Structures are given as structure tokens and as C-alpha cells.
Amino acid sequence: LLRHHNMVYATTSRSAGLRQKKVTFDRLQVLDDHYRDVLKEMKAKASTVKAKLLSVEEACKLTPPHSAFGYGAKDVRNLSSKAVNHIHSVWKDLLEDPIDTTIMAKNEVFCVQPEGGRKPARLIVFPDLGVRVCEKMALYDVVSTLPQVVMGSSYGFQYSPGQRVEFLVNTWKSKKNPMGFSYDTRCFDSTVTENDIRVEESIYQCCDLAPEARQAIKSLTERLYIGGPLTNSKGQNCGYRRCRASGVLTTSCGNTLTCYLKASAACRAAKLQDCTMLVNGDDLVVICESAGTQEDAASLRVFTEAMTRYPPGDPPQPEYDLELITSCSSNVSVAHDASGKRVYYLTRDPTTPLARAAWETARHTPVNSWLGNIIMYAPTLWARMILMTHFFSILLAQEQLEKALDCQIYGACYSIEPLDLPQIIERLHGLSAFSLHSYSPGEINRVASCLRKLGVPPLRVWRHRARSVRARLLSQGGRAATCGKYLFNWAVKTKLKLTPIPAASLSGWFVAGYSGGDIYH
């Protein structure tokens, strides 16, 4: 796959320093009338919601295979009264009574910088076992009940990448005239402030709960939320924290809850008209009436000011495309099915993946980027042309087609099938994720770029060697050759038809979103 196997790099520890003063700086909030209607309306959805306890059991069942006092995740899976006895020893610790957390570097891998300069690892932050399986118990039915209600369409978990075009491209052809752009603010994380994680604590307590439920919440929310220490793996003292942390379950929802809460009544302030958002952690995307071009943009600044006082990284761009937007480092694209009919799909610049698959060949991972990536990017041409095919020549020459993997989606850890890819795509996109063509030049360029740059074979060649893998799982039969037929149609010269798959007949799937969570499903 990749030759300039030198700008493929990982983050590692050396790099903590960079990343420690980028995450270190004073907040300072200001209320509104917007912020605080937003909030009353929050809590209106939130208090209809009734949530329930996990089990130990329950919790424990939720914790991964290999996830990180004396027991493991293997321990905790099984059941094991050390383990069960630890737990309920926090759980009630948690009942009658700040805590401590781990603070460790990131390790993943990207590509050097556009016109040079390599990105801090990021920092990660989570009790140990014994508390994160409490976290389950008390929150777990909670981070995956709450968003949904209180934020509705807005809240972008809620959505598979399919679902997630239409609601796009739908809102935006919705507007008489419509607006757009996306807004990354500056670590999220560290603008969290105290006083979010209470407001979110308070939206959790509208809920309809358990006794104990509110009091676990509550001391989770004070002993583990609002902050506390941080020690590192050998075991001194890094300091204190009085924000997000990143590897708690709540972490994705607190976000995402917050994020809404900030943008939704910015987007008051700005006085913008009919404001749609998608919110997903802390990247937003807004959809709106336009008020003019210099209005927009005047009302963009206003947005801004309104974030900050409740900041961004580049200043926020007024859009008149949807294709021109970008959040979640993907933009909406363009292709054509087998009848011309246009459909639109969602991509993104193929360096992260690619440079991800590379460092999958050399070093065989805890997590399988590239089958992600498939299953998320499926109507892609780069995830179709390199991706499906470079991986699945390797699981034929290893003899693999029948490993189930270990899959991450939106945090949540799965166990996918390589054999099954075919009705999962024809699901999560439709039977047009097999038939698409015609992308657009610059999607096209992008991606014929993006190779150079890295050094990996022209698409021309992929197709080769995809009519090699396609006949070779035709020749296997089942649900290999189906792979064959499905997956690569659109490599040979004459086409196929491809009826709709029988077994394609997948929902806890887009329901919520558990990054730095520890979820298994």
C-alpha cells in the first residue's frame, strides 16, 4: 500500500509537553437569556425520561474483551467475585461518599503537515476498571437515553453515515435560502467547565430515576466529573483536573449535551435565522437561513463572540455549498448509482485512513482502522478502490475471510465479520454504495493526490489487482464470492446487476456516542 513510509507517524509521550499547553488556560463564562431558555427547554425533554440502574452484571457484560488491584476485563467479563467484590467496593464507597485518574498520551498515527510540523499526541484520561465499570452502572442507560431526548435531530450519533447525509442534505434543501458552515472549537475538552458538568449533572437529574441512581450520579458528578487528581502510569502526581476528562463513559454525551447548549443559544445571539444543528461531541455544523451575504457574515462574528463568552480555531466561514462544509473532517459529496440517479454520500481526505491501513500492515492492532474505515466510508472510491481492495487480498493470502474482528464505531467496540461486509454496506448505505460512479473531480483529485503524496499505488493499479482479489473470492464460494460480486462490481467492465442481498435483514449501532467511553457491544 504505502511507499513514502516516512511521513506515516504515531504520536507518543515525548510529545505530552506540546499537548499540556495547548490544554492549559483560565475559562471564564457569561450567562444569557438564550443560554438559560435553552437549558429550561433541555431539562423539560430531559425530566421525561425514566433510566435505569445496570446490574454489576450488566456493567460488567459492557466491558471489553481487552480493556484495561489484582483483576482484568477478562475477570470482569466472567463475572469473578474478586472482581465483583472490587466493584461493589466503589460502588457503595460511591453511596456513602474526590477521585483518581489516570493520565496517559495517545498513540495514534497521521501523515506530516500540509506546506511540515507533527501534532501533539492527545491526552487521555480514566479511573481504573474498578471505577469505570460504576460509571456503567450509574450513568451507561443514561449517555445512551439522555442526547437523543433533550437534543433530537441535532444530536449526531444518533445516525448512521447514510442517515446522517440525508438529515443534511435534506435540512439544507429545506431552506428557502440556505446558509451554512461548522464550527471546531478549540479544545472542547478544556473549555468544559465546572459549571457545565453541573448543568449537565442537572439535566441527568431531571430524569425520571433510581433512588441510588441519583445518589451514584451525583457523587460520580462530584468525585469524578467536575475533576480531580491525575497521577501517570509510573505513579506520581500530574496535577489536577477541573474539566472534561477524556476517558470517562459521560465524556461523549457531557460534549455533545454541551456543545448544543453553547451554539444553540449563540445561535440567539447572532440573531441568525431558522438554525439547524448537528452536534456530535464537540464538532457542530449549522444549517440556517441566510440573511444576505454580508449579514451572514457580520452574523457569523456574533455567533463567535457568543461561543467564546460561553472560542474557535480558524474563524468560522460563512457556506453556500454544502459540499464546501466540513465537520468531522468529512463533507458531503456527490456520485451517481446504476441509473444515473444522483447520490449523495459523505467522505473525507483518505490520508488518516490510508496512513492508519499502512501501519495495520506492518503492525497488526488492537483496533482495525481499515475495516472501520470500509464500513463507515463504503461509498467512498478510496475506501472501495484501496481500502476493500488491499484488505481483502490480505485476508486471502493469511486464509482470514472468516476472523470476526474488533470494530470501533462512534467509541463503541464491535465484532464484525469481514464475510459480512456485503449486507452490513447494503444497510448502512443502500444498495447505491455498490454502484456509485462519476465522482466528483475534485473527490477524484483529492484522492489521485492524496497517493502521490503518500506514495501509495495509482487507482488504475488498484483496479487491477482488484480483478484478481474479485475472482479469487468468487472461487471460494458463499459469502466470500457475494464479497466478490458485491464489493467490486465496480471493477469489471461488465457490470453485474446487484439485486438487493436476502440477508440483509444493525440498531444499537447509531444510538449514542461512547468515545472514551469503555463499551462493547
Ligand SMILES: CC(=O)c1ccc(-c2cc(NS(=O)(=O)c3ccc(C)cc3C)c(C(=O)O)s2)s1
The other form holds:
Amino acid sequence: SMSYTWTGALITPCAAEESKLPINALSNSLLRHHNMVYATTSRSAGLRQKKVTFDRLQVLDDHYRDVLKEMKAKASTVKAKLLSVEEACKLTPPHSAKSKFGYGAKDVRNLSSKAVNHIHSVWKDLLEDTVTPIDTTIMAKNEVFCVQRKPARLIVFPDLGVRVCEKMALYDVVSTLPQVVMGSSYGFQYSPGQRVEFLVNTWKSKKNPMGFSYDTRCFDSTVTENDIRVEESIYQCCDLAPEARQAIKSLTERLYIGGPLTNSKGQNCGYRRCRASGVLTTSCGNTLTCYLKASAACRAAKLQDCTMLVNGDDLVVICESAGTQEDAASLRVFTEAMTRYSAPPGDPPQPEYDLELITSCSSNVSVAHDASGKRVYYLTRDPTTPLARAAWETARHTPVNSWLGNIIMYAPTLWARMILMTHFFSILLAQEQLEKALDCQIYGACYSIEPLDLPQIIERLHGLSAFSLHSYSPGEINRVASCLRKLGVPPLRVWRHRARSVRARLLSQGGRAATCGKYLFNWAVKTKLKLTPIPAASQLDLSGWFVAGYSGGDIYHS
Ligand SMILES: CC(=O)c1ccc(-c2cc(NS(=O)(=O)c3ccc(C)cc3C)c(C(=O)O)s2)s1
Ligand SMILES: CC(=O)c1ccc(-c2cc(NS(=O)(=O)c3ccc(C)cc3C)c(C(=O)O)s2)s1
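Switching from the form deposited without the named molecule: structure of the form solved in complex with the named molecule?
Every chain and every other molecule in the complex is listed next, the one we just looked at coming first.
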């Protein structure tokens, strides 16, 4: 079974595409080596098509079935509700792709009769037809990176009407089931601090810890019909209304298992027989399937007390070491088993004995010290991509503000604090847009956030320690300094000066702005302040922020 089959029609763009970093009067203050940054375009779609097109083979043994039976037993305890049309509509992002049937995200969010009527019609069709493949659009994603160039990734999604129907039938399922089936192993239930806490405690739970990350080669393409039907059988274990059962069966047969691909010009590009990257179940399905295969593989490889952390296709395993030589052999067997389950590795997995050396979800655990000198572990990552994207956002407004999402997720880091916060608050101040809400993404879901609320948000997600970390590790320091040299990003003395300036402007503004100045830039002054809990913090409603992953799920909140 080929992951895809093609007709020859090109994967066309839906709008003008820029590959080179746009430059304005602000660019240089952040990055000088402009030619290092680029954005992927449909022009490289061909290359990607060749990488994601291959045959899949699967040999399922008793370990696989034993793990599956256990997962289904847990899924049976779940009771999920069918969402109402209005509820599903409110979860639609304001700028989500418009329907091909005469209405857009705006009409959906406002519950217009035209949109609500078509949605209802699509729903009825799902109930009465469980065989006809549903159309999907295939587009080349425009993503920014630093060279040393990768081809654009591909996104496959059904019409807006179908997406609302997916929410109605499955939102409650994909939001509640993974945590029940996988418990503490389900990664999306954790905020960055909780993820670090889980990784550290798990590591400490082993007499002689050993860990490794497992990178599957183009995971979506390795997902087979069997995998997708297996996922449906797990969903069906839930206590569901009969109408929901029918809808899930229908969406599985007509959309999740596969279907035709249509480019932006309306031409048939081919056919998909693997995971669709732009459906509501993409994250939950990848997570369940990755966890199923990995769990079974741990048994085949005989790993001791293998604890796992799964986020979609991202997998991290921490177990009890049985000796260096043996761990290496076990990992080999693990990879062989994963391969038999149609989850071949991209990069061969290697055993690590230093927690901080394991990268998962493009991040790693590191350590610093708080105002009290106490050791504190936090999540960080290589800042190259975040900075390249920040450069792009410096001269171009985008649907998703990566800089804001990165400040929220990596607030305790040296780079997010010194550069991202300083640079963007400087711009927000000059343009008087501090109070303007911006969209960013957390675990795949889109959120509208006011920059002025960052202090509270950071306090709630990372704790006051995020505003006073210091004495970072040499490893982290060198990686940050190397990245800055590579990109041609100005040094500390420059950022410290800009930070003091920004901090002074914010303080004068008063209100929330002053709070931003005091907490976000305390590191920039020589005579540090108090920094005590923020009252308004408790006000913020962060429920649903770290519950589940919705990558490509077309999900919006507030
Ligand atoms: C290349 C480069 O600019 C740098 C390399 C290492 C640097 C570092 C500056 C520090 N100290 S600091 O100047 O007080 C500082 C600056 C900025 C923030 C957000 C926090 C703190 C505590 C470091 C540390 O304490 O570990 S590492 S700065
Ligand atoms: C307290 C603390 O750890 C720090 C305070 C300021 C730091 C800084 C370290 C730097 N550079 S470095 O690449 O890390 C570096 C290069 C060469 C040597 C010989 C040493 C270093 C550290 C800074 C800068 O470039 O502005 S500030 S690091």
C-alpha cells in the first residue's frame, strides 16, 4: 500500500509566496545574517512528495495486540459527549480556511443560517453515507527556518463544513480519551514546567536511568489503514451517543483512512492512504498509534520499566538501564520492532545517560538557579528556528505570532528573555500595540493573547522563578552564544541596554505595562526588585490550555 499516489498535477500555492527574509528598518537590530533565513514554498513540494511517498508493510504480533487490548480497556471507561453545532462553531479559528460552499470562518463563528444550514447538511450526509471518500485540499506549508534547505511540509484538510462536523463528533473524545488511555505518558496534559517535572521525576524513579528519543521517518506517511481503523476501534470503546458512533465510523471510512487530494486550483493531485495532517484526530491518532507501537516495541525489546512520554509523533522513553552494552542492543531490537509495525526510524535512536542531552518535542531539560540560589530545571531548546521566525515576524505580520508563543513556552530561557521579550516589547511600545490581542499557538491550538498579560501567564505557567533564573549551564550558554554568532544577533550589552530602555518606558506607562517592565526585565537592572505574586494572575482562566494536542486540528480558544 503506497502512502500516496499522484496524477501529476502540481501542488499549487493559494497566494503569492515569499522565500527570502523580508527586510525593514527593524531587521538588523535583531539579526544581521539575512541570507541564513528562508521560508519554504510550493516550489519544493515536489521534493517532499518523493520523501513522503512509499510503501508500508506491517507485521502485527501478540505484543501489539496485548497492548491494544489494554488501551481499549481504559478507553471503555470514557464517556464522551456530542458537541452542539453552536459549540463546534465557537471552536473555529476566526481566520480558518473558508468553505468552498459560500461561507467562511466568520459566518461559522457568528452562527449564520447559511453556514449552520450547510453544516447540518454535511452532518446528515455523514450519518446516511459511510462510504464516499471526502474531498481534501493539499497545500505546501510556508514555514521559516535557518539554512544548513528543507522542502515544504504538506498539509491535507477537508472543507470547513466537515471540520465543524469533526468537532461535533470528536472534540470531546480527542480532548479526554488520550489521558485516560495513556495516563501520565500523554504529553499534552502538561505545561512546560509540568513536563520538566515529569521528566525529572521519571528519571529519578530509575536506579540507573537511561533514556532516548525515537524519531520516526515521516510518521504521518507510515500510518496505515489498519492503524487508522485500530484508532477508530479505540474511539468506539467510549460510551457514546449512537449518532456519534455513526459519525465517527463515517469520518473514519470517508476521511481518516484516506481520500482524494485536490490542489488550490481544483485539480485532482492524487490519493491519500495514510494520516491526513489537517484533521481533528491527527494529534490524538498519532499519539495513540505512536504509544501503541512503542509500548509493544518496549516489550519485544525487553526494556526494563520503560516509561514513555508521547506527544503525537514525538516519543521519549526513559527506562531502567541494564548496562551500556545491553541498552544499545535493546534499542536495536526496539527499532526493529517499531519498523515491523511500520514506524521506521529517521535517525537511529541512541541511549543517553544525561537527561539534559535528550531532545523531545524539539526541547530538552536544563538547569539554572533562582533568586534563592536553588537549582531549578526548566525547558529550553536551540533558539535558531525561534529567532529566524522572529526575524520574519519583525518585518511581516503573520496569522501565528511564533515569537509570542515562544515567550510563553520558553519564558525561563536565556534567549527568550534577553532577545524575544526585549525586541518585541520594544516594537509594541513604539507602535502602541501593547493592548492589541495577538494569535499564537500552544500545542497546535490557536489562542488570542494580549501581550500585557504575559507576566500573569508566565507566573501561572512557570512560577516566579521564570523571572529570576540565572547561572545557566555552560552547555546552554554555548548553544545560545553559538546561535547568536551564526545568525549575527547582537550580544548581551546591546540587549541589556534595550531592555533597560523598554523597562523604563513600560514602568512610566503604569498599570499592566509597568508590571511587564518590572517582571519581564528585572534581569536587566543591577539593583533587582522584589517581584511578588501578581493578584490579577488568579483571574486568568487557563483551563483548556494544557489538556490536549490539536496540531492541524483547526481549534481556537478565546
Ligand atoms: C551571547 C550572549 O549574549 C550571552 C551569553 C551568555 C549570557 C549570560 C548572561 C548571564 N547573566 S545576566 O547577564 O545577569 C542575565 C542576562 C539576561 C537574562 C535574560 C538573564 C540573566 C540572569 C548568564 C547567567 O547568569 O547564567 S549567561 S548572555
Ligand atoms: C554569569 C555568567 O555566566 C555570564 C555573564 C556574562 C556572560 C556573557 C558571555 C558572552 N559571550 S560567550 O560567547 O558566552 C564567551 C566567549 C568567550 C569567552 C572566553 C567566554 C564567554 C563566556 C557575552 C557576550 O558576548 O555579550 S555576555 S556569561
